[PDB]
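Take a look at this single chain in structure tokens; it is the form deposited in one PDB entry.
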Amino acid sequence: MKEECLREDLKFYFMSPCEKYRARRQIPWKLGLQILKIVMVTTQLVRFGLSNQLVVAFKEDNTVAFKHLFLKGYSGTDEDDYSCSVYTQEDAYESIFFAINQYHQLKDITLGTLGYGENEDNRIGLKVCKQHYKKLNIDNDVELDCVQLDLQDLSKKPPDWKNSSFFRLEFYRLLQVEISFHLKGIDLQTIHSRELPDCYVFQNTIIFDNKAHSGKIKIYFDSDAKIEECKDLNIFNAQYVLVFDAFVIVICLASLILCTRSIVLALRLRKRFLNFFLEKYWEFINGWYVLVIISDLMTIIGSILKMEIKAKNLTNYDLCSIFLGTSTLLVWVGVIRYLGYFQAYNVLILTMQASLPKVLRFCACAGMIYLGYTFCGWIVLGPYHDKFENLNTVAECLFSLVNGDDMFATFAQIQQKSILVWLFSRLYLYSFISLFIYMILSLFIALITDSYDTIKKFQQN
């Protein structure tokens, strides 16, 4: 009865986990442990999110306060990736001297627990560095002159730094001016929970940048904040965030072992049935377990990166957040496997499998037209439209137009000063919107719907 054994095993392989508890009466660990994964991974993600939100909020608020304190005539919103700009030789001098003078008077201007930090040389002071082209008769070599203005020099009642030869900034040869200083802060919004609060160090840099030499000096403010140790503080669990992460690793490591077992054992079952079929005369490979394995790997990597982040007091979580969020997404998506055996919960996945070939084939022809339109729009409307300035911006604009978004602003944001470009823009926009939206969206939704219809008629036969 080896054929009996083989066919009974094949019957066991395809029955629902509920039915696998009737065929052989065994506990479904790969379902309870997966529910545990969902719960624990979601809790970990939410708690990580809340904590890093607090840290990011503190850093951003301090940066905004720094910009108000040190940038002259700062509205409150950044003009661009740069914060301020100046167009006159006297406005630039005013901005530079304002920054230096506001540094000099920090203790009487700041509304927070700020102080004077220390550079690598361990001195409380300010560094100003200018870059010029060496000398109409200019060379390509950049001269770099730096000065270190200490608080005792700045404090001098008849100040001398203002009349020094360093601050005579020939502007036709000037590339940039940098002001760098260090500040120490204390997060007092944590002390309400009995603890030693977090101490920060801010590496603040102000760049007055005219690399373009086009009349505008762009002013950049960058603050790099790191958590240091509170060396001067007297206020009259990391352990329990490292054991919860260890638990998540344990659950995910177990799920990797169970799922890898199934994938290996499923392949052996296919071998046993293929050999018989050749003797007498994909439904074996489960891609959901391939998804679970990737989820587990990403969760383990994210938990390890998060433990490393907390252990050495880091403040950059972009990679760890990406791993944790993608793992949580994949966990919630893999929940669908435990509703897919159900007789009326699988229309979506079946339709996706049906569609995928036809959908991919369709997107090839539409992709070529989309790429041609992207290149044409970037080359023609790029100088005259801000939704067509960069190739990725053109792609995003075209995708949104296919989804019918900002169609009137896109039409109306082109100026009629050039009539040729305006006419071309009208022709371009009406040809893409018409062609793409109507024809291509019709034929794409129609393919999906006919795949869904084919899936439902098999279900009904």
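Numbering follows the first chain given and starts at 1. What we label the rigid core is the largest C-alpha set whose atoms superpose within 1.5 Å from one form to the other. First, how it differs from the form deposited in another entry.
When both forms sit on the same rigid core, the CA shifts between the two forms reach 2 angstroms or more only at 349 out of 369, 349, 319, 297. In this overlay on the rigid core, residue 24 has a C-alpha that sits 2 Å or more away from its partner position between the two forms.
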Second form
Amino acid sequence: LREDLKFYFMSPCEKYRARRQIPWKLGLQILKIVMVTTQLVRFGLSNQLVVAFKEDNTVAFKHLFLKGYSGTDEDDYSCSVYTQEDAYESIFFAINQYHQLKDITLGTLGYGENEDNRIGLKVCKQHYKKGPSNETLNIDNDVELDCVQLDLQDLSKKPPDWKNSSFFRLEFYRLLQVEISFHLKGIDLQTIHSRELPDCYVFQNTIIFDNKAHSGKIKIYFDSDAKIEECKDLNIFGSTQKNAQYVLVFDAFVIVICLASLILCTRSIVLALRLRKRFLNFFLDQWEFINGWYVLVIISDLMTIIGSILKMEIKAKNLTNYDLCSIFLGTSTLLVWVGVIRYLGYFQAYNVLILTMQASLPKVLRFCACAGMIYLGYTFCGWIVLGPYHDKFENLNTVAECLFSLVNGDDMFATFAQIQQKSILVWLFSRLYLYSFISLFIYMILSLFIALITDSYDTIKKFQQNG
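Right, and the form deposited in another entry of this protein, after the form deposited in one PDB entry?
Next up is only this chain, free of partner chains and other molecules.
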């Protein structure tokens, strides 16, 4: 039935005068765009404050408890020691700084009760089970774990006997690690200006003096786990914070709107399929009656719904970890803004470029299929050869990202210079390898990617012009 199929394939701008139907579903989609974007913005702006407070407190803790800390971490660990005396100095510094906390800290910070309800410091050792050294070792396979609890009144003793205790004989040739752990209370007092009750915090802090490698270096890790707990005893005049109602009602509105959009899009797909079957049955156009933009909308609505549920759960349980909810909401927003291109396609000057991209994607991917085998071979060869001599080739994922950046011309000279001429064979191989890869990929593969795009544009343009 032509009188209906043409109306279906039309645009909303024309339907308003072919049948004078108002485009309320387009208004629903615009409202969804606005509400999703504003929800994401509010969520990010609220997360920034909590993340900043936790990270700043962690930096202050590193400066307070780590001896000689320079303010920047050494890779995944804060600092390291190489001498038998440096380790003792760092451990005793951490303990002594814990003892004097009230006199040194600039924050609104204090001691917290541990799991045993004691206020104090726990330090643990892990040594091999038996222990002459280096020549006739008796070291057994399994480990012995020893811990001691030091309370504030123990550290206070005029002569801190604990420092002379038998516990601190570290026999570093058997040592696996030493762990220092304690709890601290905190308050995010900066929030007081809102007249809301300020958020308290509890920090679970651990210092790990790690020499699993037994290579003569101890790596020092500082970790802090922060929980909100409860502002249970404070006399700060003002008001409490029950804005959850407001935030929970906006999330409910977002969920409802996304649900409505999903229902309407699925209904549109069902109607299009009924039209397709009617066309198939009517008489002996293309099979693709399904509008592909509807699928993207359905995916985005599902992700937005589940991310909003996750956000409501996190707020209700007063959690402070946002990774999965952030991923869901951000991907939903990304797909929501991509879907705006559907409304630009209703105009001729914009449609040809969209059709050019649609024609471009498959052949570019089929050429990526060929390029990927050369890429894999080069990744394996660079990892196996240059890895022991180059920081950018240490492991396979770093190799892949280095090569991907190198195809785009990034950091090329540093990549060339970063490998020493200590081994002449490896240096010559590195020169051959880098020259071949960079030349082939930049000057041939990327040039064929430009040629394919240009040919797709020419094809689409000549189709649109000639008809």
